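Below, each chain spelled out in residue letters.
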Amino acid sequence: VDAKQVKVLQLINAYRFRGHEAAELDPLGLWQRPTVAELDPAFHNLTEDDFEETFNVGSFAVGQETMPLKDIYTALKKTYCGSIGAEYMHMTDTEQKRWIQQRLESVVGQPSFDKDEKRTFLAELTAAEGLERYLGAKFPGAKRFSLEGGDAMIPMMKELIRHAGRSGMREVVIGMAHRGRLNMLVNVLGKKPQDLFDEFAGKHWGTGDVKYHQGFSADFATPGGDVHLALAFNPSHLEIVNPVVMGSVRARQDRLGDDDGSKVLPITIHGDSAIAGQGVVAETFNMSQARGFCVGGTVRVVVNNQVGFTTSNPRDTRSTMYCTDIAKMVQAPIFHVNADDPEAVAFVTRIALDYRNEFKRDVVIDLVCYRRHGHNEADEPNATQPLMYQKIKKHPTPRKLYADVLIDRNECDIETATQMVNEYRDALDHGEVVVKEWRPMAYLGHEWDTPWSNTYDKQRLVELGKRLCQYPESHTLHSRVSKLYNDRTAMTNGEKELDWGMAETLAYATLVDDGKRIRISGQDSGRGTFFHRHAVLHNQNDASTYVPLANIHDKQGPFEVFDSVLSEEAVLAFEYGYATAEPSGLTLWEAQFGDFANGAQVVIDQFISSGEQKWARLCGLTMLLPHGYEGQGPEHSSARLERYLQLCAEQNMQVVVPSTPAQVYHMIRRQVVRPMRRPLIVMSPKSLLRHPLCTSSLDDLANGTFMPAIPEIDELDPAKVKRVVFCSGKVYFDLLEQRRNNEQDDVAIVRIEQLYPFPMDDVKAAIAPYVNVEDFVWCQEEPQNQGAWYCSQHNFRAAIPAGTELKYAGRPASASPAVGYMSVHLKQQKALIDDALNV
Amino acid sequence: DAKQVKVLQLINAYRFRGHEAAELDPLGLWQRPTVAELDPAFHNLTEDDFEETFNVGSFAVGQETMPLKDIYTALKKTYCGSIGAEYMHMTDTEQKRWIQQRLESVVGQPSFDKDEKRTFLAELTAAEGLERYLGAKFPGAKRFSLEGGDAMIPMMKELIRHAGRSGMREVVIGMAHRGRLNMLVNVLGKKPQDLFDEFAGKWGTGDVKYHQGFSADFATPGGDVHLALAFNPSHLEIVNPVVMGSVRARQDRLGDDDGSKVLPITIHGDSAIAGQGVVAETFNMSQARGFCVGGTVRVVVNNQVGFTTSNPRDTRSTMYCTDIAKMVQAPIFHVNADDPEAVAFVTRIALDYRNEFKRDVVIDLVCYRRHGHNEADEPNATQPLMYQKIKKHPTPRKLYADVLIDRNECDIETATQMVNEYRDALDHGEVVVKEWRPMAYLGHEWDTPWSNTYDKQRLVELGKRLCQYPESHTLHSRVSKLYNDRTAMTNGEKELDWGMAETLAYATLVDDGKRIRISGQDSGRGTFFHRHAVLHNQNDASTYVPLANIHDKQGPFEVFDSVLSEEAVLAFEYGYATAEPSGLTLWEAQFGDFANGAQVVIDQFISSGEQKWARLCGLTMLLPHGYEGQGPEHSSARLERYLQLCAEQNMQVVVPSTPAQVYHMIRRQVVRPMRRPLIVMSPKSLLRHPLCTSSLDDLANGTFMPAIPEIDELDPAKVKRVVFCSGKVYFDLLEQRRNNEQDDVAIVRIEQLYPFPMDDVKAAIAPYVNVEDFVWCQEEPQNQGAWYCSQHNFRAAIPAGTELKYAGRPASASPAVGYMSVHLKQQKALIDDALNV
Ligand SMILES: Cc1ncc(C[n+]2csc(CCOP(=O)(O)OP(=O)(O)O)c2C)c(N)n1
Ligand SMILES: Cc1ncc(C[n+]2csc(CCOP(=O)(O)OP(=O)(O)O)c2C)c(N)n1
Ligand SMILES: [Ca+2]
Ligand SMILES: [Mg+2]
Ligand SMILES: [Mg+2]
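Top to bottom, those sequences are chains A and B. Going letter by letter, the first sequence gives residues 86 to 289, 293 to 530, 539 to 935 in the entry's author numbering. Going letter by letter, the second sequence gives residues 87 to 288, 293 to 530, 539 to 935 in the entry's author numbering.
Isolated chain A (complex conformation):
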């Protein structure tokens, strides 16, 4: 009934919502943060006399039901306006808001750490500073992307790993960028400092990568036992590694049966400028609770040194007060903490991990710090941030402030802190591992033409097909789906040749029949964009689903196909991380059309095509890219085959253009059964899914094999052949039908199904019979500046007899991939067919 008691409650609520806006977060003290009137008691009409009266605390979780207002006011400022700026009241979940209030408000901001723990934090701050000054002394001017100014991340990361083992987690996977990367390698993951000193000195499998992109694996002793540690390889492109780490841990969580993600912990580290500006951050946040990509939530740490290279003005880097405001899209709590207060850092770190393990949701730690040097060690920061570095020049390091605090508290002494600095310098001189909790951990690279088991028992293959066509009798299907499954029933009885959708389905069935995993993701991949797959049967009565590939037999390998979020960059990065972590199974990503894969171009350029040469990473990821010129316009015709062929080199990737249902069946099986794990780029057909001539028999599947090149199929006279037409994909069936309708027999048509690595022997074998050949033609639907022409012509010339010429037949070069009009498309298609067939 008291009115001021209600005013006290609104004062508490105002600090929970907005206390972070006045918190002393900047270590440099340069921030002049705008005043918030609600934090002032006078805003709530509380006077000096009210401060002496006792009040009930309401839901304020300080640990006593009643206390005087002067003590309530002191409690709020210490809880929410000290070194910790807690941002959590935007969340809608009441239980989670109560959970955070119990952690912070009972502590009243002041964490209690053991003298052993306080010494470990100081020793870890000593390791962070000492390694960085050591590298600056020994290699002056060399780029190292120093952690200095953000030294608290080293105790934070080791406290995160220790708390992860303390909570029974088995593995931790980390994605990070350049900032503090060498510090994380030496002082957390346990890389030998002498090995790091060798890399600065010029001592080095493949073409390699820069020192601050390297990953690492190690075991790490924790109170709860040894934990495996993994630090990802990444390119210079920022933030893209985050989805890749999400895929790796999900592949780990799948293998371990960790359905709630409590055994494998994902940690991503971000820069303040990068996390605000890169769109892949939002795409990954949008996948955090998708059933096909969720990993139980990620702990996300921003090393917020308040500058991006030469850009520090908030009006240039972002549109909001905090770089972490993107996290609000998924209502993640955000803990801003001053980096000069390591105990607040470790205290916020335990809370953020406990929140992640409790509610299985993303959580963000904003480590507000500074950059002691320029963006790199050879760059001048004063030219563009004069005031910031005039303050940094007179700012003591976090180790020195923390040691001074412990000494004034008589929780440490000056000689112990001095011993840490000098002893760590000697340990770097010794060159051995300086991580006391480090522990030792307790191929698939064969050439593409390695022999593999292509055959399958034909009766088992029919038995698998009969099981694929079965579904519960109460699970009513839509009539168009019942029709397609009836066609699939006729294919299993030999009454019809198999179409693309059936041969693709049997390929998955044989792999789960062998216990191999299959994970498919992509937009509308459950049904298929072109209505050909229908891996998921939707009941017409309720909305229940049934997946025949998940019901082959007990003890089968797992099968999953996910309708992916409407994203390409983060999703393709996720599946690359999944396939690299678990190469044994099939991992396939399907673009809706191949034209849209260029939105994930960074994953294609910096991971898929180059990860083996740069990091010795094998990845067997399969990419289905629908492709084909059928008159549907520039964005529904070309998967940009020319770009993938341009990326091919040093056996890095496979580029394949299957033309038969049997070819895609063996192609898929070869990607698992053959002991090689390199990316498989596939030009998926569209009209060929229903082309009457694009069919295969059960004998082609059971006893056939993937053909890198397909010889002439029609009854020709080898001596009468005047021209051989090379081609790939659906253009073959256009050439084949026109050549038959012309009753032509002086023209041979040979398909090159695998465009890279180039199958020279198979191509020469297909061309041997025509001893009277005069010229060779490469026919393609693509414009002359696209497709295989400019990139693969040298391979075609090396295969043909020396006396013959190679000629081009195809669409003219064009700036746009395809014409906007169907009528123009059909006339262009007929011209390239007639030109290829015209002796």
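Calculated directly from the structure, the hints in this document are not laboratory data. Cβ atoms here follow ideal geometry from the backbone N, Cα and C, with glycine treated the same way. Among these hints, one or two may not hold up.
Said to hold, decoys possible - Not close to chain B: a few residues of chain A, all C-beta gaps over 12 Å, as computed:
(1) 142
(2) 200
(3) 252
(4) 521
(5) 795
(6) 808
To be verified - What the simulated footprint calls covered on chain A by chain B, stretch by stretch (three residues with Cβ under 8 Å from a Cβ of chain B suffice, anywhere in the stretch; the number is not a length):
(7) 618–628
(8) 689–701
Starting from the known structure of chain A, fit chain B with the ligands onto it as the hints suggest.
The following block gives chain B with the ligands in isolation, referenced to the frame of chain A:
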């Protein structure tokens, strides 16, 4: 008075969470989880309290005191009806009170005059009639029907009417396939007969009908307004940054400093806006200086399905697809699309909010998709219950007509007259937009002559002004050193470096009154410490920009340190350059290796917009490029990819090698009357190379050379081999040939690789009548660079008796090696191989 505190907390609970119980789904399939805070029993309010009067606090219903039973009814009408208001997450108290006054005073029930209700019904009739008409006349054809979201047509026209009502001059729209033909015919005023011709089959290679843009004038109560609908590709959401660049280009030209004259509108799909990362990149630019346009009205056509995907657990991680907007604290108005008056009422609020606070605002139009994703697709295979409900769901026109008839605000004959009269207008084939009004070459070939010369005395006066700065504006000593060098360059005591000639090139354009807009990461100083367009005071943090201080009549100059984004920023500058081609619009990647993050803008806009949409764009892209031993991501701008994209004169690919060449190259992009994209391989070490210098006369009296002939005085008859090359590899070849005292080898630069300058190249090669072979030298791996794409051009230029040979790095999966020592060995090998006869 304890219940009085409970009543205030009940009011606050509806402001925060009333949207979670609102009747938003037209189909009523949503079983929304119960919210305990909305229950009065949760606040310990019983039946006895409901009869007692209470003070409403800040509840803006128009009376300070009310019985609890009326307050409870008022809250449900305000926050749990057709409108789900999400605004309490905002921190700004003035903006929260502003929204509360709009919604709570109305108590949910907007008041429209009988004329306005008739306009909404007629516009719903136009939306439905055109879509059923196209289905009857072209069955099965892809049209991406608006049906189920018909309220967007009255919403857009009310947005434009309200925009002119508040004095705005221009509105620019970016949207996707959904309702695109409806927007063209029923809002932008495209002739229905012209649309019917395109369904029946018919400047360039063209594009599909639902990518077309349009321009028109639009009568509003406040006067005529210009309307623009953007061209866009199939790639979703990418058009949004492009529209942001167009409106900023309009606001810059008009002096619309606060963005109140030009209104940007973006339309989104529910699945696309949640999943595409360019959305967040654009929201992060909404208040950054150099990209802000005063806020955008953003409309989501939320039909609760994406193609075959409707399960929320597969499309997003949150209850709402619009939750991304919370990163910038935008209010979000969810509205049932079957309630057009709630739609129009929310529409006026969102525009009034945008004009008042100059911030982004989102309208979540909760609707359904009447047909499959396209008209030839079966939705029931994957969404059975949703379409079993849609099959028995009346259309929005029918529901609104019934409502007006039950209110006696309309009659069945008027609603029937609208349906049949609109069908007759489509048969007539003329414009059906009653407020439509009529509106009140940069493609010449690349070799067109242009004014390359400049007064040398004028150029020296420009350079001396560039070196001036206030004497109190203390500079960092390294910046004072570089500016002292530029002073000596203006006095003729030193040859020009890359940074000075680039700066003088900008100086001549603003000197002629042309605009210059530069954006890119760290572009003010330059990533490589060469530009320093912005001088930062060492005492305070104040800035000074010499290029903005040439003279009082100069054209505007701006260089912005861009956000850490490539996709949205390059899409923004493409929209800026296309909207205002007169000036220079330049985007600088930090390294060219990072431009692949904006590959969609490169593939679908820059390289193809002319052939597809007849749009000219003179955007310049500085992409730092060069093999200097810094690793795979700091060596290659992927020149081979840009050359692969070249065709039909679409783009210019240039690799300047001298400070004079970049000066003329820059000037040519404005002075020459052509506006096609300029792809530039920017140097890095050449910014400080002692041999990479030019004189003031090279700027004043020189010109851009597509090819540069041999510069050393050689005997033409002694040359046994010609080495073609581009970029910094030339300076490596030149020094090695000089150290060898070699004179049988000529080194010719091909500065412009596309369009290929055959005549300039052949002129450089004519003197060497005794040549035996030609070499293409490149630092790039053989599968990269110009080799595979440009070799046919090299063969066509050389005499028939000679062979073309390759000298360069071996093909590699990664652009460059990790180690500097391996890099120097590879560099020495390709240099020695190119020069070794
Ligand atoms: C996608 C991408 N664009 C540009 C760059 C170039 N780049 C490297 S670091 C950097 C600044 C990063 O700023 P911040 O996120 O604050 O990281 P910090 O160095 O300050 O720790 C930029 C623009 C890059 N590496 N990746
Ligand atoms: C970047 C990109 N990825 C994929 C596609 C293919 N695609 C076209 S429409 C579509 C579904 C769009 O869903 P939504 O955003 O809800 O739009 P709607 O059709 O429902 O109006 C997809 C995935 C595309 N056009 N662009
Ligand atoms: Ca992107
Ligand atoms: Mg930073
Ligand atoms: Mg949709």
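Results of checking the hints against the structure:
1. With a closest Cβ-Cβ approach of about 16 Å to chain B, residue 142 of chain A is found to remain outside the 12 Å limit, as its non-interface label requires.
2. Residue-level check passed: residue 200 of chain A sits 41 Å from the nearest beta carbon of chain B, beyond 12 Å.
3. Non-interface status of residue 252 of chain A relative to chain B is upheld: no Cβ of that chain comes within 12 Å, the nearest being about 24 Å off.
4. Residue 521 of chain A, annotated as away from the interface, keeps every beta carbon of chain B farther than 12 Å; the closest lies near 24 Å.
5. For residue 795 of chain A, the non-interface assignment is confirmed: its Cβ lies about 32 Å from the closest Cβ of chain B, beyond the 12 Å cut-off.
6. At roughly 29 Å from the closest C-beta of chain B, the C-beta of residue 808 of chain A stays outside 12 Å, upholding its exclusion from the interface.
7. Residues of the segment 618–628 of chain A lying with their CB closer than 8 Å to a CB of chain B number 6, which satisfies the three-residue condition for coverage.
8. Coverage of the segment 689–701 of chain A by chain B holds [criterion: at least 3 residues with CB-CB distance below 8 Å; count 8].
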